[PDB]
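Just the one chain here, laid out as structure tokens, in the form solved without the named molecule.
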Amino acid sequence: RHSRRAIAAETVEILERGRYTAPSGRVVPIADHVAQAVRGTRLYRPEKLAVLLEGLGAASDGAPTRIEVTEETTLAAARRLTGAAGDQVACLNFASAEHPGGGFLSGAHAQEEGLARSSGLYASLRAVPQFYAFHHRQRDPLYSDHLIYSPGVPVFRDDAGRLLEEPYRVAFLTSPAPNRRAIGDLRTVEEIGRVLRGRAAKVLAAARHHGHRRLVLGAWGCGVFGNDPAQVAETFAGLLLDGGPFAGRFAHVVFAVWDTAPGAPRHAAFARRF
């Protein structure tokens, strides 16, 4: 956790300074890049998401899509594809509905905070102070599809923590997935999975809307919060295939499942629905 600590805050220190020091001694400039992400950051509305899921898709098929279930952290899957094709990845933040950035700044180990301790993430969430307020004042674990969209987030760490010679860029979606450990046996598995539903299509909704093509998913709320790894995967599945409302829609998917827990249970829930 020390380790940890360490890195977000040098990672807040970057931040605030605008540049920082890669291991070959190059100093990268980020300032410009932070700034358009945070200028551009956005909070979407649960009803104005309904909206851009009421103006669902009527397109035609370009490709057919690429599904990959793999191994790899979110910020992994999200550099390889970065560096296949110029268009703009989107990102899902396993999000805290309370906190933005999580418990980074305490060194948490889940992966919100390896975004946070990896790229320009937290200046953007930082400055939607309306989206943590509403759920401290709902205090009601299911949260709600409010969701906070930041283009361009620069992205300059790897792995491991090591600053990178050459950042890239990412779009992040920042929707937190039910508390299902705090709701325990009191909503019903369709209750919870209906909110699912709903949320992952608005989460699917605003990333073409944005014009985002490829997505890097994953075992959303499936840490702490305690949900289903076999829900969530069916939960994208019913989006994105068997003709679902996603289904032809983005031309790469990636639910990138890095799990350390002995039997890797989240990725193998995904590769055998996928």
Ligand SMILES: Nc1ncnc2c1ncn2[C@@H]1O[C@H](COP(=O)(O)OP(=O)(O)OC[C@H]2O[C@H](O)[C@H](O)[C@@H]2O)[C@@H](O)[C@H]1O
Contents of the next structure:
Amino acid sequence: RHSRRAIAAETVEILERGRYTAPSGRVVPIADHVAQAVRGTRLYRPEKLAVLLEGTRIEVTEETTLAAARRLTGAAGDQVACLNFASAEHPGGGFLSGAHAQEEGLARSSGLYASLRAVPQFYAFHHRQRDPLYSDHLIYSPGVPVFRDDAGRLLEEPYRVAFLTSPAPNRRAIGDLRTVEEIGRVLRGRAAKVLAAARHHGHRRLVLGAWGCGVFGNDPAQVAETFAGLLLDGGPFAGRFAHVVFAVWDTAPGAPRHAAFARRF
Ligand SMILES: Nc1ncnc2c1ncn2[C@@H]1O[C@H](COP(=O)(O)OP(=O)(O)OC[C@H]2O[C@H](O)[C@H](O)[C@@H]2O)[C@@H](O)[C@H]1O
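To complete the pair, please output the form solved in complex with the named molecule; the form solved without the named molecule was given just before.
Starting with the chain above, the whole complex follows.
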């Protein structure tokens, strides 16, 4: 936790100063790309995403979100979109306190916090709503520079991805006071909107994963099935993306989140 906290603070310094020093000693400028990502950030309300919905190579890997994004970005020039397994309440989650989950890693490693912190309306909505189902609001962050690897080392050459920030329902907080089917309906509607936003912004390659299945306590079989219903068996997004990676990095014994996705896809 202390090392993660230090890295988070360094990233905030980097985002203020507009440059960082790579391990070779190269000084890498990022201010322009960070500013572009912030200025291009958009909040989508639930009903705007619903309007989009009126209008494939599938891999399951043990990669982190960022590792999969980096791999894809090296292989072709179209910008990849990645799902941020978002906090509804804090931009970058607990990253500055050294918390360890997917969003925090994204915030430690990229310009994502600079984008998310600029959308206070998203966070205010959820704070006032006080319901752990959260909502279908989504933040779209284009061209966010990524400048660390999985170990926290700064990159000689940063790369850019789009982020899609949408919180899964907090099933852990709900317990059994919503049914399996109610949670499934919420997951399906929201995931459909995430995919619609990605496609609307021209992203043909996605990095998805076990959204909601760690800190938020969702069932990975249900989340894998949610994506499967959208992408397979003639579902609404069947054939609409070129490449979808379920990058599932699960350090728990048995890697159960990864196993559920491997089984389904
Ligand atoms: N870097 C990663 N890359 C890919 N998969 C990962 C990674 N880290 C974890 N996983 C796997 O993917 C699963 C889900 O990762 P989780 O980060 O718990 O997402 P949530 O949507 O349930 O929790 C969101 C909250 O956690 C944050 O604090 C936020 O700010 C929110 O407050 C894990 O169980 C792992 O199997």
